[PDB]
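Removed: one protein chain of the complex. Kept in place: all other protein chains.
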Amino acid sequence: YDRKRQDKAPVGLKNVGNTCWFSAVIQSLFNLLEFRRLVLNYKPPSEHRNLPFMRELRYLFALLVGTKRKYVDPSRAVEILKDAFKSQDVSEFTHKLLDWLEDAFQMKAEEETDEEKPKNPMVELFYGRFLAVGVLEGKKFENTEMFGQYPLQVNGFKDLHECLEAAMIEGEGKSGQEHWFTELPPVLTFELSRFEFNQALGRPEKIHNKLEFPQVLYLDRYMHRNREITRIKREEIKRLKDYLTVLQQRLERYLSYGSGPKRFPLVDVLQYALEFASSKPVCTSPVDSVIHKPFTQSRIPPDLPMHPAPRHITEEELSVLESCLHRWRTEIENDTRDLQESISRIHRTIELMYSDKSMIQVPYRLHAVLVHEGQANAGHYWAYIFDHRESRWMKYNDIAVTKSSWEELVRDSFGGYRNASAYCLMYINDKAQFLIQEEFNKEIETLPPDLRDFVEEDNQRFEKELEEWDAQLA
Amino acid sequence: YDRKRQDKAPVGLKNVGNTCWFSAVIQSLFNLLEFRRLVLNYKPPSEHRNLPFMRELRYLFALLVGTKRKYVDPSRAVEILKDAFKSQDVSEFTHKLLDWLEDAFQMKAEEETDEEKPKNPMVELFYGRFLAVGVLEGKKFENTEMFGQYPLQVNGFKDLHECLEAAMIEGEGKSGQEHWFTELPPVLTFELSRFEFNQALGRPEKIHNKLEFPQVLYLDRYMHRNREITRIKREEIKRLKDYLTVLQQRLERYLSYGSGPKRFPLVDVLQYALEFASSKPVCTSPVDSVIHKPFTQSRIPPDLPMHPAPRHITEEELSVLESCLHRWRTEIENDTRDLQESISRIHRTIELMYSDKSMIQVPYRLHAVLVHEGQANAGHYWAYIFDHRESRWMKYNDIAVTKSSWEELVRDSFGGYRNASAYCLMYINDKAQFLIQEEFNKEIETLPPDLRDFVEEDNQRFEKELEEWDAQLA
Amino acid sequence: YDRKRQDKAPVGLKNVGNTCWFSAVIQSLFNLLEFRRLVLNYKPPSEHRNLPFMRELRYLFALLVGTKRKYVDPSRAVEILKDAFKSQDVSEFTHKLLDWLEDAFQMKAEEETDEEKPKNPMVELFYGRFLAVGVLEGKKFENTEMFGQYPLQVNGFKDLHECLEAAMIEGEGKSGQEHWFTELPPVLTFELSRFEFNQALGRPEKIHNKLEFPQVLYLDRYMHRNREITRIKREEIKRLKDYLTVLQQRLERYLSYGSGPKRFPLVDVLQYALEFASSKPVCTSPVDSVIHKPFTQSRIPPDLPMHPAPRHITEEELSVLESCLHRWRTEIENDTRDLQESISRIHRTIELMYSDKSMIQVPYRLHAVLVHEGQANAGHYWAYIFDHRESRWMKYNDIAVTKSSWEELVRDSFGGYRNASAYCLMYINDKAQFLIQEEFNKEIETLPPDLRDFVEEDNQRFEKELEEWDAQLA
Partner (left out) sequence: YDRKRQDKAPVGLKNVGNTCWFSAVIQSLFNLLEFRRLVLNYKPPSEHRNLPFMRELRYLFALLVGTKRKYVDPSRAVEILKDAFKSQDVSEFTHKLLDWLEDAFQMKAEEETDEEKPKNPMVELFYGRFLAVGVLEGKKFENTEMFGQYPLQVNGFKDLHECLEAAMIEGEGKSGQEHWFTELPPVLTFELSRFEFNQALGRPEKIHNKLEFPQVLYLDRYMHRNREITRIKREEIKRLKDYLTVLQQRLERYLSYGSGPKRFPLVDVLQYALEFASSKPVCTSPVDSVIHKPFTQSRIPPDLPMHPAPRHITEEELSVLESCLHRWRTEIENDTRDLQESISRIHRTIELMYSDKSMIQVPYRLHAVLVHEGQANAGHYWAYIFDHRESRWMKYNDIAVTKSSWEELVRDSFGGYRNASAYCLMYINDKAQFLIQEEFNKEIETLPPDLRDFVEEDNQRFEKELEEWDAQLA
């Protein structure tokens, strides 16, 4: 019973009161290096639980870098935003934790207002600004606004793009609105709300559709720059979707054919008709070591007529049927093929609509995925985070930080597969490569003298416990 | 908080360590009046936990008759057979409880061996004797044996008779065995073992087939008296079952027709063929307030050709098809009918095989059903018991004895429906009407002076608690 | 090959060009006696295919009464309304056939305009008049109108009443409309349109919901007389339906419980939890003739721990769980019961809403049901008709008129069960008992001298063919 790091790995967090949402959200910010620098180069500049929190955060980050031991107890910092709702959501606890930083980095960026007016390095990372072409009542309206995480809703949609286009267009002398981005943050986050009313049940629940999202997300379609072209693509998309719907309907009828309540493939009914016509006729079905030549069939049953076959049939009734059906069967076997082939193409076309230079210009690496299993109020949470340097997806589940994969991530995050599902996606701008994923070079020993001390004391303190482990063999 | 009987109802039992199997089995014996007399007319005659048990049983029966309060704590008596396995099944606990009585009623029937040799009134009720026509190895063998509850196994069978015939015949210079009853007990019990190995799983589990049993059971087929006729019926049964199997196979083919992996009703394939032939032809399906007269149809769609229809067709291709199919359809529509009708009859015949005078002569009332929900070692148990006098099925679940029904009973007991299922059936001989269901007449006050006292003391003691309930309003 | 009537049964019709809709609709009018009298007491009074049709109809009715032979060829009469669309629906063919009669009985009721103005005995039977409380635009509007068959639409509804209420109320400064009957015909017909668009498919198809209808239909709720009370019931109905919806939602959650995508009965999860807690603990599951006493169980497996069981458990962890779950299980087992019981009651209440004297006063016998299997343009049709006198449902399928049942009728007519389904219901007023189902008494030989002759000639002509059948044995 003495378990430390392993070859200087990443360190997890023992979360304390099933408040895992913390470890999830922290580990995401911690692995975003620029923000980690910001938190370590912060001192209290000279709601005021604000500042002792960020001190203990500073202390926990320090620990997360230069501890020798497997995990840390962040409860020191948690306890702070915990009692801060006394005198009660899970997504308010965080909303405050972001206010605290937003406000606290405003405070320490106000040390150079000696010759100046404000500018906030946290708000520089997360927030951006989108324009709103709102033709809201007869007359046109055009509001540009600030935005944090863009919230997206998930019901119905297959992929993220689908899920986003539709989340940015509302309505449409007919009122209406459409968004476009003006300025993206470098650290772009999305919310995926799966909550929806369940009429069968009483109340609103998590939807469970699979919703898939890319490792690389190209945002260029969603901006004023390409406002003109996008809008033109979007028509063609719709007019195509419209088309395949007709093909899909017209296909369904081949596949699911019949006037009755149970319906079968037309292919199969024609095939099975001719089988019965071609069946050897009958009148009374209510009372009763060998060497094989190359292309032969052993075991082929005797051709004794039975079961259902027709009672009689002309030679010139048969060969009419055989002409008619065996022709039609092929008329279907192809029409089906052509309808599937027609659709595949139209799908392909829609896939590629936004796919070349000019529209492959604003790429984003998926950095972190926050996933949640369980009920609305009470869940478990955890996170997937890209290593970047080692270039591998890492799964941060409270104490335990495992090397993971995209394939694994997918099973948890997309939904449908497990009970779990993703709720925050966190993308970072590829172009802003090192504004976020740099390591300020000069040439544990990478920390301010404040923290470098504490972390080393607390190392040594934990070291003694190991001297005491092999000294406790005798 | 003071709840007594209601209009002198039946009284339940607070079972103590999820040992409900007790309340179940006791309440069954208690409601069997003759046995209840026996237990009340027993005094210790002059493994010897045997006797103080039966004293406390005597005391609990007394209570069950003449208490004024809703239930009794039988733990006094339970505790006795509980520690009796120290120095561990649930179906050994009972096996001992029956030994105790069997042995203890032998003891007090040995008070009149002054001029005599033995005879046991308990063993007179439960036990009977069956003969064994065993042609076990070349030569014939014929063993008559005593039997308690006949154990039956349940896998596969629909009804109890099926479940019993097959449980009494084993095998068949070929070895073999068959049982017949010689002497039935008046109080005939059956075990229904649902345990069987589950190859998919590891280990043996409860089967869940529905298995149904009658309110009145006629045993005459199962005896030496009718040995000759039964054996003759059993042939005809088999030779009929054999027959309907052919009808059922030959039917299946009409219903589930096709050479492929998915197969459909022949009726429907012929119907849907003619629909397609009769469909209005087409060449290019891969690229594109009113008064109503009596028998009209509004809303009948326009006849515009579409979707799948054939590319061309002669007038004399059509009317060949129409002749051929519309004929065959009717050839099937009838063959089906005749095959179903043939089967119904054969079923009927088998139902009635053992159904008239000479074979309606040994009837048994289902008296009690013991049912069990839950796993093999740990369950819940309860019982259904016929009132006889009030003539209503009563559901005895530990503390709570509710007026119930045959329909309800059926849902718990038969299996398939709920998780629960019956494991003991307890039938009583109709002819032996009052040897069991009498009430020895003379003309609470129906009990020996011993018990009449205790029960009345303990009444009064419980009465004071009620004086203390309305006296505790102030 | 000579097949005549059987004991003077009813006679069918060999329909000629899969125009069965004729035999269906005719046999319905023929069995409605008053209308049959009308057609036989019609002579051409002195679109003029009108009159030679009705002559051949007169001749076919005559035949249907007094033929000795099994069926008749009505093609003489069919041919007439057939070519009448040359110079093309199936429900126009009939619409004309009704115009012809409607107009032709107007012609022969105009023989007593010598001292008078019109009155039409056909129109007297079929047609009625309904009022329209239409609050159509701000201001109120109130139109009474004539009506033939009331057309009803079927999607969604369970029973006919449901299917009718909703068919008589449209909408609802908000526009709206509601119908009530003013004057019912004695011979009240309804259309059941099952056609609806099928978005999955291309085009509109037959719906297949089961829709049930009564043998006796009480119309009183649907009239101005009870306009006040009905409207009051309809509120209470709605406010109850509203209520049970809440009960049904709140029930669903007990039955289909879980945060995940697959959800199970809460009962079962609690039951299966306690089974696992109560399972005998284990640490390493990834690498490895007897007399039976009455209430015992043979074959109960050994209790060897295995498979999944927990790794460890306190005695005071167990009995907390056992207290908590075994309590909750019962809290659910009852809540479920109470919710089902609550619903049953509310259903009952709604069933009886319109059920006593004052609302059991306008009864209608279902006289005939017209059913149709097959596609929109091309079907098969047939009819069920109540005998009244013999008091038995008769199934008229082209040539073949069989004794049938309500149970059989139900399978064809209601939908869901077979491919077939009913499209016209024909009810008759119970009170107008003999205006329709009389037989004008005086005391084959029940026909005018015209027809009595022809029918007897044509009898004799058919008789000779039978003299020629036993004379053709030699």
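Residue numbering begins at 1 within each chain, and the chains themselves are lettered A, B and C in the order written.
As a working rule, a residue touches a chain if its C-beta (ideal position, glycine included) is under 8 Å from a C-beta of that chain, and two chains touch if they have at least 3 such contacts.
Note that the undisplayed chain, when the full complex is considered, contacts A, B, C. Of the options A:6, A:87 or A:91, the residue whose C-beta touches the omitted chain is A:91. Shown as candidates are C:262, C:357 or C:442; the residue that touches the absent chain is C:262.
Listed residues C:174, C:239, C:311 or C:442: the one in touch with the omitted chain is C:311.
Shown as candidates are C:285, C:405 or C:433; the residue that touches the absent chain is C:285.
Checked against the full complex, the one of C:20, C:184 or C:332 touching the unshown chain is C:332. Note on the undisplayed chain: of the listed residues B:175, B:215 or B:256, the one touching it is B:256.
Within the entire complex, the positions of subunit A that touch the omitted partner chain are 24-25, 28, 89-91, 94-95, 98-99, 126-127, 132, 143, 145-151, 153, 189, 191, 193, 195, 201-204, 268, 271, 275, 278-280, 289, 291-301, 303, 306-307, 370, 374-378, 419, 423-424, 426.
For subunit B, the residues touching the chain absent from view are 199-202, 205-206, 208, 246, 249-250, 252-253, 256, 259-261, 373-375, 416, 419.
Summarising the interface, subunit C meets the missing chain with residues 246, 250, 253-254, 257-260, 262-264, 266, 268-273, 275-277, 285-286, 288, 306-308, 310-311, 313, 317, 320-321, 323-325, 327-328, 331-332, 335, 338-339, 342.
As a working rule, only the chains that are shown with their structure count from here on.
Distance between subunit B and subunit C, defined via averaged C-alpha coordinates, is recorded as 40 Å.
Rounded to whole angstrom, the centroid-to-centroid distance between subunit A and subunit B, based on C-alpha atoms, equals 54 Å.
Each of residues 201-202, 374-375, 419 in subunit C touches at least two other chains.
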